[PDB]
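Visitor: Given the sequences, and given the hints that come with them, work out the whole structure.
There are 2 protein chains.
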Amino acid sequence: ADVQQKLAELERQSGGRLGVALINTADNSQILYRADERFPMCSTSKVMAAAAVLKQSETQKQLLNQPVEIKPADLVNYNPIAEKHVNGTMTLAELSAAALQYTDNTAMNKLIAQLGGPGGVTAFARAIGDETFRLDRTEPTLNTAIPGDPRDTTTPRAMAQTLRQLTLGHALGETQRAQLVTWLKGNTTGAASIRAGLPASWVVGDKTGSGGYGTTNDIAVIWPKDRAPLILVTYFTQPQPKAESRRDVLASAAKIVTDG
Amino acid sequence: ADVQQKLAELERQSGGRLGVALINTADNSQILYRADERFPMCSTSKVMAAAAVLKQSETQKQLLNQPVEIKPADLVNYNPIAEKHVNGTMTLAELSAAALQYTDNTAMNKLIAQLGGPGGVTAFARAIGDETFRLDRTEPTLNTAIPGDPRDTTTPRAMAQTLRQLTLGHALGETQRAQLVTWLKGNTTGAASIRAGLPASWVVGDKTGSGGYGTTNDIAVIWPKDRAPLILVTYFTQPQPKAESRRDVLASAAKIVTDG
Ligand SMILES: *C(=O)/C=C/NCC(=O)CCO
Ligand SMILES: *C(=O)/C=C/NCC(=O)CCO
Numbered sequence: 027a028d029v030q031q032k033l034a035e036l037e038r039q040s041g042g043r044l045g046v047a048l049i050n051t052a053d054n055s056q057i059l060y061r062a063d064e065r066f067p068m069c070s071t072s073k074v075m076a077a078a079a080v081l082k083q084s085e086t087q088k089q090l091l092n093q094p095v096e097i098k099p100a101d102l103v104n105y106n107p108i109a110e111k112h113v114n115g116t117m118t119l120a121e122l123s124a125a126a127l128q129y130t131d132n133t134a135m136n137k138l139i140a141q142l143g144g145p146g147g148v149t150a151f152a153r154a155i156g157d158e159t160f161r162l163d164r165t166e167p168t169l170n171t172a173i174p175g176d177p178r179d180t181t182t183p184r185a186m187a188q189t190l191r192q193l194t195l196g197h198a199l200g201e202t203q204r205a206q207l208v209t210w211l212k213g214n215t216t217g218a219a220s221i222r223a224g225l226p227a228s229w230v231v232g233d234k235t236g237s238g240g241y242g243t244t245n246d247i248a249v250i251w252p253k254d255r256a257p258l259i260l261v262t263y264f265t266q267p268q269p270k271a272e273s274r275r276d277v278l279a280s281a282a283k284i285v286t287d288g
Numbered sequence: 027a028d029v030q031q032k033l034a035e036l037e038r039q040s041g042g043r044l045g046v047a048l049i050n051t052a053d054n055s056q057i059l060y061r062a063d064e065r066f067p068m069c070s071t072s073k074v075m076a077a078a079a080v081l082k083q084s085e086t087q088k089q090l091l092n093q094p095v096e097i098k099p100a101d102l103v104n105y106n107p108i109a110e111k112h113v114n115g116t117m118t119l120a121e122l123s124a125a126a127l128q129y130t131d132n133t134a135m136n137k138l139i140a141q142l143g144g145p146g147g148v149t150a151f152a153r154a155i156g157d158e159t160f161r162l163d164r165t166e167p168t169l170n171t172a173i174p175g176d177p178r179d180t181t182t183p184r185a186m187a188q189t190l191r192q193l194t195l196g197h198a199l200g201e202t203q204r205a206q207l208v209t210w211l212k213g214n215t216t217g218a219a220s221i222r223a224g225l226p227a228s229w230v231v232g233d234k235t236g237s238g240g241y242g243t244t245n246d247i248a249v250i251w252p253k254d255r256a257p258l259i260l261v262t263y264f265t266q267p268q269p270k271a272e273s274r275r276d277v278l279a280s281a282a283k284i285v286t287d288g
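Chains as they are written, first to last, in the deposited numbering: chain A, 27 to 57, 59 to 238, 240 to 288; chain B, 27 to 57, 59 to 238, 240 to 288.
In case anyone wonders, no lab produced these hints; they're calculated from the structure.
Some hints could be false.
Identical chains share a label here; the pair holds if one copy fits it or two copies do between them.
What the hints assert, rightly or not - Using 20 Å as the maximum straight-line C-alpha spacing, the simulated EDC-like pairs for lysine to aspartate or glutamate come out as follows: (1) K111 - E201; (2) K32 - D276; (3) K111 - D254; (4) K253 - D101; (5) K253 - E110.
Guide: Here is the structure:
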């Protein structure tokens with residue numbers, strides 16, 4: 027079962043462009060497909076923002092408890108948690124969990140503002156060795172996902188390497204690494220994406236993304253039953269602005285790269 | 027009408043037996060398909076067990092914080108949370124969250140044992156006016172899903188009415204209703220099931236289930253964009269003992285009954 031042929035056969039029937047990077051931590055092996064091409068991150072960028080706030084919390088003792096005001100003018104296009112707290116507050120822990128687990132776009136804008144704007148998220152990426160990631164705009168326009176636009180993009184290779192360092196390596200302090208893994212494992216939005224291509228016994232923490241041009245993304249840490257963890261990035265984007273999501277493509281890509 | 031044609035077409039093309047009950051709380055209207064037939068509940072029974080322990084906590088006010096020993100011998104077939112706490116303890120709140128949001132089977136068995144066995148779960152159903160629900164076994168045998176077997180079954184109509192009373196009505200005290208809704212909204216397993224058939228802006232709390241005979245279930249409380257909440261039960265089972273899961277059939281059924 028040649029994995030490269032199978033990923034090409036999936037892509038050719040998909041109506042889009044597929045990017046895959048798998049890191050198997052049992053042996054540091056990698057499976059790469061368009062892994063050095065740039066894809067729009069969409070909501071998968073929320074992992075870098077939440078991680079940068081966790082890094083801040085290593086030096087600002089009570090940071091995750093700090094209340095942040097939510098005003099009516101802050102609401103954007105998808106605010107399932109933040110709309111409950113308008114003319115009130117959410118803590119930076121609650122905004123981190125809302126952004127990662129509920130993909131709340133207002134919550135992500137508060138994380139970006141806590142970092143000094145999109146460039147502060149990029150700066151944290153650079154501080155942990157990621158030279159590829161770039162965040163350029165706030166929610167919701169960071170999800171436009173226009174083909175060819177470098178704004179708000181990374182590569183599968185870079186994002187897999189970064190996600191390994193954040194969740195399994197030492198980019199964060201041990202308490203903060205554990206909190207990041209707890210949050211990803213509590214994701215509510217992932218079951219139809221990478222997880223749908225894996226056996227029922229395997230444990231996943233992930234962050235999805237979706238945006240214009242049918243962009244459909246997932247980045248995951250995987251704890252397979254009786255195996256060392258995997259990191260898997262699956263990015264997908266389509267040529268028409270109003271294309272439909274294709275989470276099924278991501279599930280198929282995950283099955284192909286884990287079957288062996 | 028068209029909804030009945032679409033559900034019968036989904037069912038026929040799937041090869042299985044589909045049960046649907048939708049309650050629209052805007053006007054108490056319903057959409059029903061095989062809504063009085065019995066289906067194996069599988070892990071959707073965890074909602075009744077967690078609700079029964081919430082009910083106990085209305086009078087045993089410290090019960091959710093009670094430590095429960097997790098022994099190696101207590102682990103069954105899918106225990107993603109309990110395996111991290113073997114030779115230690117989890118509280119009944121932690122076990123309720125694990126059962127509901129991670130579908131942990133070891134956690135469900137501790138809820139059942141807290142209630143004095145499967146009959147305690149049934150007794151709570153009867154106390155809140157559900158005369159249909161029955162729990163007969165523990166995990167994992169409650170998931171055998173043998174055709175014709177009435178054990179560990181309910182009807183879509185009965186489960187939709189119960190889930191309405193638990194999440195939107197007064198089967199529970201207000202704090203316990205809110206706690207059940209917070210748990211369901213934090214489900215990690217549901218994005219391929221009812222949630223996949225609904226517009227992205229709608230808010231869902233749900234509990235999935237899976238078992240023998242390709243049994244694939246979901247029960248959900250839904251807060252549609254700008255509308256009164258819905259309750260939706262989708263139950264699905266297949267003729268072959270080893271049939272694969274079909275979460276796409278539940279997503280298809282949800283789209284059909286909410287499109288109009
Ligand atoms: C992540 O890519 C974006 C997450 N939230 C926005 C939506 O879910 C838009 C649905 O219309
Ligand atoms: C609910 O129906 C069952 C939950 N636990 C079993 C699994 O979902 C995974 C089996 O490996």
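Visitor: Are the hints correct? Go through all of them and say.
Guide: Cross-check of the supplied hints:
With identical chains, the CA atoms of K111 and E201 are at most 20 Å apart between copies only, with a shortest distance of 17 Å across copies and 32 Å within one. Proximity of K32 to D276 under the C-alpha cut-off of 20 Å is restricted to the intra-copy arrangement: shortest distance 15 Å within a copy versus 22 Å between copies. Proximity of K111 to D254 under the C-alpha cut-off of 20 Å is restricted to the inter-copy arrangement: shortest distance 14 Å between copies versus 41 Å within a copy. In this assembly of identical chains, the alpha carbons of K253 and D101 lie at most 20 Å apart only when taken from different copies (18 Å versus 42 Å within one copy).
When the C-alpha separation of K253 and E110 is checked against a cutoff of 20 Å, the pair qualifies only between copies, where the shortest distance is 12 Å, while the shortest distance within a copy is 38 Å.
The structure is consistent with each of the numbered hints, conforming to all of them.
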